[PDB]
Structures are given as C-alpha cells and as structure tokens.
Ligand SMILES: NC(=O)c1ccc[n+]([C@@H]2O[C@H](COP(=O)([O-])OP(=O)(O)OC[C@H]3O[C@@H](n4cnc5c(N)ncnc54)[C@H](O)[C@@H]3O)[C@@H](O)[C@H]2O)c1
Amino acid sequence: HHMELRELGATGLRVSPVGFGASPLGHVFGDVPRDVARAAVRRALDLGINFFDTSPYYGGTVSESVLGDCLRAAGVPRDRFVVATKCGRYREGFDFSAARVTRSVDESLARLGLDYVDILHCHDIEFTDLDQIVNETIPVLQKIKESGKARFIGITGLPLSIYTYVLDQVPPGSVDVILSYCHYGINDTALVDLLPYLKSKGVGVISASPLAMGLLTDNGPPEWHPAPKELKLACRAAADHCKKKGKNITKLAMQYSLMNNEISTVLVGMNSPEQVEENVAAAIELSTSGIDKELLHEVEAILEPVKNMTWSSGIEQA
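Let's have the structure for this sequence by itself, in the form solved in complex with this ligand.
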C-alpha cells in the first residue's frame, strides 16, 4: 500500500496527504541527533512522504541547514520531492520588505543546498500590517517567482482572517497556496469554512499542527503553549479517555485531520523514523480500514465545549 497523493490547488503538484514539518514544537526536528533527523527524512522518503516544510525561523536558520543536509544525504532526485520554505520571520524579528525577502530566498537556497524551492510563503503575516503583504511582499514574491527561485507563492499565519483580507485585496492569481495551522484537527476545524472560498480563488490548501502543537497527545502540550486553560483541560480529558481504553489519541487525531480531501497535505512535526512510521501507518489504516468512529464520537463529545476555541496571535491591524 502507498498513500494516495492529492492535488495541490492549481499548482500542478501532487503531494503526500501526510507532510513532514521539519520543526516540531518550534524546534529543529525536536532536539534529536543529526543521524536521527537524517533517518526520519530518509524513512519519510522511503514511505511515500514527498512534502517537506521548513523556514529560516525555528532554530535560527538551522532547520533549513539540517533539512538540506538530510535531503541530499538521503540522495533522491530533485523532482521526487516538494520543498516549502518561508520568508519574513527571523530570530531577529519580522521584516517583510522587498530587499529582505529577496536576499532571504537566496540565503534559504544556500542553507538548503537547492536551486529552487517549490513553495515560498510569507511567514506569520499577522505580525505585520497586512497591507504591506498586499502592496509590497506579494508583488516582490511574484518577481522571485519570475526569477525561477520559487515555483509557487504562499501565505501563512494563525488567524483565519489573514487569508480573506489578503486574498480579497490582491489581483486574482497572485497567491498559489496557503498554509494554515491548528484549525484542522479534532478540537478545531474552522479551516473548513475557508475551503470553498479558497477553491473559488484557485488557491491550494496545506494544513498543519493536526495535534494542535501537542494538545492531542498522551504527553500533553509544552508549558509555553498559548491555548486557554479550558481547552488544555478538555484535551487532557480526551487524551485520558483514549488512554483508559488502551487507544491512542495521537493516531485518532492524525487520521481525523486526513479525512478532508480538500486539504492537500497535513504537515505533522516529526523528529524520528518511529514517528514517521506511526503517521504514515495511521494514514494507510485510514485509507484501508477507516477511522474508529465510535472513539471519534466520544472524543468529539469531550471537546464539544471547546470546539474551535483559539488564542491571540500577531498585532492590532487597521
């Protein structure tokens, strides 16, 4: 069994439904040895994952250096995989200006050891005036796209409102994809309200953080996690409910995020071959056998009170 590739917007690209996020929980592949990173990526390639997301932000540009390292190490044709990186967000702060993103793409390419990336996104745009993205950044990224250094252009961020603001205010065709996170998983599925709109605009959809950055795991979220306490407690109840039955919330959550074919890929942060295996397995078992609907229904009931509860991100707008 393979995983069933999905079409990504109007880009032509065919992507694995499970995608590899190269920085889980805001760390470059967690904090695992390089050999383990290299092996996770190797294992991902071997198991039919062909989509890799990174950025110059998490780990101060080392996410990209390590992914570049891991990719060429695995030794596979350039056209066998799809890479996305981002621009605008750096450890030293945000800068979406024309000169910064133009040099950004080159730096990324140098760190990644590639000639082009498949996707370049503007990163977490809720941290700047959204008119700068409309009026400066997107235009510049067209020129980067023209140059060949990126094939397609993306926007990313947390609040779903960034996406209508931008996509309403740029000429049709300016943006190829969006990356949304934390809005397509058992506790939060608000992204669904955008899929028809984005389809109407010819924009492909990538979703990320199907476990909501660790809320839907046995281990629980990191201490920094910005969720309201209510959501944290509800997710702990869901995890405990699965546990007491000898079942795994992580698996249920991954499968759940994969059940909407209008989302082309779900980026999961992964740090080891074992996590790759479990998530690829979860995808395949969904395809071949379906989800556990009875467990899903009970977990849905626990999360019901906190459905689509979110948190603040970015700055005050216009």
Contents of the next structure:
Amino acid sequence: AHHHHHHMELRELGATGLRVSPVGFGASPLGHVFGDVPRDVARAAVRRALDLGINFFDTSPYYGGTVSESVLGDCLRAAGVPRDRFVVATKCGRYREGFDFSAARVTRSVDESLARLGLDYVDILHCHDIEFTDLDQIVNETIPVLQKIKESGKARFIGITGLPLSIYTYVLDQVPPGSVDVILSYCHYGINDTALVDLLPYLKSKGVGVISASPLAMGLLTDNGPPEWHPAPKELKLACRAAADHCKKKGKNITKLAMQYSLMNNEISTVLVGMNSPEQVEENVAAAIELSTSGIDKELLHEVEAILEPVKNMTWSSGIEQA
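Moving from the form solved in complex with this ligand to the form solved without this ligand:
A lone chain is what you will see next.
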C-alpha cells in the first residue's frame, strides 16, 4: 500500500492567467501577536511554503515581520524556482517615513523592490493602503503612473489595497476599464466579517482579480487574542474571545476553523496569511488540504457564527476623510 498525497488546488486570479495557491504567504503587521523571529527562521518558513506548494508571495517596502522583500528574494534565489511557477506581489506608496504616492517615488520604489527581490519584474505592484491619501490622487495620478510602470514591463499587473471597502468602488468607478488588474482586501473575509463578498460580482464584472488577507482578523480569531494595539471595537474583541473560548472548551482550534472558513469561497483566488515559522506554514497548508478532503466542521462553524452574529461585519476606521 501507499498513502494518497493530496495537494492544494490552484485558483485562477481574475483575468490575469495566473494560477495561485489558495493559501498565500503574506506580511504580518508590526507588533503582531506571534512576535518576530530570526532571519534564519523567516527563510525556513518561506522554504517550507515553497516545498508545500504555496506559490503566491505578498510583501511590501513597509514595516512588517521578519519576512521582508530581501528575505523573499534570497529564498527564491536559493530555491531556484522557475519564474512562471510563482507569483510575487509587492507595493508602493507606504514607507516607514510616511506615504508618498507621487510619480517619482513609486517609479523609484519599484526598482528598489526588484533589486531586493532579485527579479526583473513583479507579477503585481499594488498601491498600498490608499485610504491614507486623497483617493482622487490615486485616480488622477498614481494609477496613471503605474500604467507607465506596467508598460515598462517591471510589473505585469496593477493593484490597489487598503481596509475600507469603499475605496474600491470609488477608484474603480473612476479609472478607465482595465486600469487595475487586482485588489488586495484584508479583514473582510473571515468568520467575523465577510463584507468583501458584496464586492465580488462587481470586481468580476470589471475583470479585477481578488486577493484577501488577514483571515484571523489580525489575531481576533486566535486563542491568544489580538495585540493590545488592535483597533477593533471592544464589543468585537469580546465576541471573538467568546468564540475562541467556545472552540477551546470543546478541544477544537479556532485558528484552523477560521483559516478553513476563509478558504470556502472560490471567487477569492488566494487568502494571504502572515506566517513566521515552518510550523505555521505546515498548519495552514494542512488546514487548506483538510478543507478540501475532509470538510470544515459545520456544526462548530454554526455555533461560532451565532456567537459572532451581533458583531458580524463590525469594522473600525482607517485613513483620512474622503472630502
């Protein structure tokens, strides 16, 4: 006899032609609740992800965890992965010293990112956290500039990211069709908040691919709970603590349940997870394969959904007023 080897099933990303693993390797916010790791651990996490079939890596030039553009670049170089077998996204506009979405900064940004990544092009270049600028700048200036960067061949596809779902309608209503290829949304496709679903037809109709992130809502859907800085309302924090406790008391793990839940909508091509160590990679890939072969625990899910119902889709402010 032998054991059957199940693998993740790739998803098609928008109209890009890219086929991406349903679990993607993302960044972590500063001060995330796992804590940082040494560079050797970060490199081993990326290697483990490549070895388990993750083929989508998201990074940025801004603060995160130990996994950075330079770490990704070194790991990809060392692994020798064929370029058409993995997908890399980076971002521009958000830096440690502040936001700068101007034409000269982002044009320079891309070149810096490419050197760190050891690539001639990125698959995706996103405008990062655009709710922190006047969205008309993104419409009138930054997306035009990224068209030039795409035409240069240094980025194949252009994206926009941020927290409030209203940024995507504001921008995508006001740029020429085809100007944006993908979006990255976070915190809006997980058990406590699925509001991204309300944009999926819209995005499809505009030929925009969909990437989601933060399936555990930056630590809400964990046993440990969120970091002290987390801007969720206390009412949401309380409900997520009750949901985690509900799972724990029964010998189950909310993180696994939450990861699997976020994977249950195939109109989202990849769900990015901030992973810090090989073990976290192993756990998330197993959750995704188990979803595919054994199913989610539906009764536990229904119970957790009832706990979270009063706070479903509750969010928090981000960025400036659009005036």
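If you superpose the two forms and keep the largest set of C-alpha atoms that fall within 1.5 Å, you have the rigid core. Positions refer to the first chain, counted from 1.
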property	result
Residue among 282, 270, 44, 28 with C-alpha shift of 2 Å or more between the two forms, core superposed	28
Residue 292 C-alpha moves between the two forms by 2 Å or more, core aligned	no
Core-superposed C-alpha of residue 258 shifting 2 Å or more between the two forms	no
